[PDB]
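There are 2 protein chains.
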Amino acid sequence: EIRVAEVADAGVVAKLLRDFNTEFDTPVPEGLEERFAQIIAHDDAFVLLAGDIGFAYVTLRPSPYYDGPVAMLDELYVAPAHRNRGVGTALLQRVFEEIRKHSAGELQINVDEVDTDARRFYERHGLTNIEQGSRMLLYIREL
Amino acid sequence: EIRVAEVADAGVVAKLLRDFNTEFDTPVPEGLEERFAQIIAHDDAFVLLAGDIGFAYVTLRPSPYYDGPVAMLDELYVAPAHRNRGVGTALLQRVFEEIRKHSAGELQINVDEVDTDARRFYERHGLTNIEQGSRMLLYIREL
Ligand SMILES: CC(=O)NCCNC(=O)CCNC(=O)[C@H](O)C(C)(C)COP(=O)(O)OP(=O)(O)OC[C@H]1O[C@@H](n2cnc3c(N)ncnc32)[C@H](O)[C@@H]1OP(=O)(O)O
Ligand SMILES: CC(=O)NCCNC(=O)CCNC(=O)[C@H](O)C(C)(C)COP(=O)(O)OP(=O)(O)OC[C@H]1O[C@@H](n2cnc3c(N)ncnc32)[C@H](O)[C@@H]1OP(=O)(O)O
Ligand SMILES: CN[C@@H]1[C@@H](O)[C@@H](O[C@@H]2[C@@H](O)[C@H](O[C@H]3O[C@H]([C@@H](C)NC)CC[C@H]3N)[C@@H](N)C[C@H]2N)OC[C@]1(C)O
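Protein sequences appear in the order of chains B and A. So the first sequence is numbered by the authors' numbering: it starts at 6 and just counts up by one. So the second sequence is numbered by the authors' numbering: it starts at 6 and just counts up by one.
In case anyone wonders, no lab produced these hints; they're calculated from the structure. A couple of the hints might just be wrong.
Copies of the same chain look alike in the list, so a pair counts if it fits in one copy or across any two.
Taking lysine to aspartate or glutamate and the EDC-like style, the derived pairs with C-alpha atoms no more than 20 Å apart in a straight line are [to be verified]: (1) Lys20 - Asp72; (2) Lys106 - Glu147; (3) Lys106 - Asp72; (4) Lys106 - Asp24; (5) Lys20 - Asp117; (6) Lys20 - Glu118; (7) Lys20 - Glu102.
Chain B with its partners taken away, still in its complex shape:
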């Protein structure tokens, strides 16, 4: 079932994020668990857990366009053996439900162009890459 993570669940969330990065051959910094414990307790952010096999990490930030925040689904992951059985759909549905309790004006998600399965999933569940007739790109600088 989906539930909202408590501070004491930080270790499970961190493990799943580590698994996600390992799946993508990306090294992870130390301290994921300690940071997730802090974020879950104190910040305008939440984590949803599907048992111990999937999670969603959402941040809520201010926007002049809305009375409520703009939400970002910063991380969404289901463990590979549990995919294609509706877990990601359930997590994303619960994301929409939870951000609606905050009157969020919009949900954003960053995705690599090459991740066509994720893109297909998001496009089939109501998200779009198009604004004013153009694709939207994410630019970053790591610091």
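For this one, chain B is given, so just place chain A with the ligands on it according to the hints.
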């Protein structure tokens, strides 16, 4: 010079954002001044002003990857008569300075693909759309 906006500057910020959205024929929400006054008073966002002719609006949000926030340059605009003279460069250099005071681990920016001149500007100043050989895309749902 460039300055960090105060609550008293909400009117000038709101005017500039209205002008930006009018130029690009994108919608303008009601209540921009009052919302900016609220946003500027809080700890997780700031606006930089170049006189009354340009602005940067930055939000800060938590990440498990860093002790500091992830910053997002949600809006960057210079009035048309003042472009191509280095104002945008100065604003972006002050964005990096200010987010360094917060120990931000990354800067992110949403950029329409069609905005080729803005994209050249960001690439010239150290931002990248590429991660592991793939372009990064933004997906949204308005709510
Ligand atoms: C090539 C490439 O890109 N590789 C990427 C490899 N790794 C990653 O990207 C890592 C991160 N990604 C993830 O962790 C996971 O991918 C995700 C992104 C979180 C997804 O989480 P789940 O797999 O749990 O999601 P789901 O099961 O809820 O839905 C997924 C698909 O299941 C089928 N389905 C489910 N329910 C039903 C139903 N009731 N009726 C009919 N069909 C159904 C349907 O076909 C659907 O596909 P469609 O997208 O709607 O067309
Ligand atoms: C978060 C967010 O909202 N992101 C979107 C960015 N916002 C916009 O697109 C709104 C409209 N544009 C501006 O608001 C401002 O123009 C910018 C984008 C902040 C830059 O400010 P400046 O004009 O002050 O720049 P600059 O003088 O420091 O450096 C000069 C270099 O700017 C580029 N440049 C000049 N003129 C335009 C132009 N009309 N359109 C697009 N690019 C332009 C060009 O690349 C030039 O380079 P080149 O010489 O032609 O090679
Ligand atoms: C409806 N969603 C948008 C979101 O995608 C996001 O839009 C960005 C927004 O942060 C920012 O938009 C500005 O730049 C846009 C222009 C330069 N391209 C048309 C015009 C609208 C103007 N507000 C640009 N960085 C790119 C634009 N797609 O932020 C505002 C929003 C209302 O939440």
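Query raised in the report: Between the shortest in-copy and the shortest cross-copy C-alpha distance, which are at most 20 Å for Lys106 and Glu147: within, between, both, or neither?
Result: between (32 Å within a copy, 15 Å between copies)
Report task. Could you figure out if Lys20 and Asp117 sit no more than 20 Å apart (CA to CA) within one copy, between two copies, both or neither? Result -> Cα proximity of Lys20 and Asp117: none, with 22 Å in one copy and 35 Å across.
Report task. At 20 Å max between alpha carbons, let me know whether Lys20 reaches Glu102 within a copy, between copies, both or neither. Result -> neither (25 Å within a copy, 34 Å between copies)
Query raised in the report: Quick one: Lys106 to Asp72, C-alpha cut-off 20 Å, is that within a copy, between copies, both, or neither?
Result: Within one copy only: 13 Å inside, 28 Å across.
Query - Homomeric proximity label, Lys20 with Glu118: Cα distance no greater than 20 Å - result: neither (26 Å within a copy, 35 Å between copies)
**Report entry** Copy assignment of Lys20 with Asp72, given that the CA separation must stay at most 20 Å
**Finding:** between (35 Å within a copy, 18 Å between copies)
Query raised in the report: Within a copy, between copies, both or neither: where do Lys106 and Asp24 come within 20 Å Cα-Cα?
Result: neither (30 Å within a copy, 32 Å between copies)
Hints 4, 5, 6 and 7, counting from the list given before, are not met by this structure.
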